[PDB]
Amino acid sequence: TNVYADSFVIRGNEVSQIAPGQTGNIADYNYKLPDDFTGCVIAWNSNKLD
Amino acid sequence: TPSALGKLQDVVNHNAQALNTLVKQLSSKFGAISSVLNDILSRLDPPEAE
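Quick mapping for you: the protein sequence lines, in order, are chains A and B.
Residues 1 to 50 (this note's numbering) are what the first sequence spells out, left to right.
Residues 1 to 50 (this note's numbering) are what the second sequence spells out, left to right.
No lab work stands behind these hints, which were simulated from the structure alone.
In this text, a Cβ means the ideal position worked out from N, Cα and C, and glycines have one as well.
No false leads were mixed into what you were given.
Using C-beta positions, here's what the derived DEER-type ranges look like:
(1) B:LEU44 x A:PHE37: 17 to 23 angstroms
(2) A:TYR31 x B:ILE40: 24 to 30 angstroms
(3) A:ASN30 x B:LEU37: 28 to 34 angstroms
(4) B:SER42 x A:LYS32: 14 to 20 angstroms
To give an idea of the chain A side of the interface with chain B (calculated C-beta under 8 angstroms), a few residues:
(5) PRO20
(6) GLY21
(7) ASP35
Looking at chain B on its own, in the form it has when it is part of the complex:
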């Protein structure tokens, strides 16, 4: 009955997914052109890159 120890399994799963979701948002593209910064500063002008 693996659901018996679900109290601590949920804790460790929330600790894991909180870090995995935080790092997954790093590769996001919120209203931008690229997710990485090297493809933005070296492709767009400073007035628009900022």
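Chain A on its own, in the form it takes in the complex:
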């Protein structure tokens, strides 16, 4: 029905916190996903640009 594409930049050891039900600085106070999140999490290294 509708697709939302959230975009941001984090470190490498913080990519695991994007999964649902995780706990951390990025998961809690920066970007929280519900326990029943439907979608795909995509991340790639952008050290050459950022």
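Fit chain B to the known structure of chain A by using the hints.
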């Protein structure tokens, strides 16, 4: 001979024990951590509490 009126005594005893057994199962722990809900939601994470 109290067994004479046992027909109605059994009825009232079944009516009593059906409610007492129903409320006794409320304090049970079927494959769970605690019988009460306050000690589960405030101790476990939402992904696992549900």
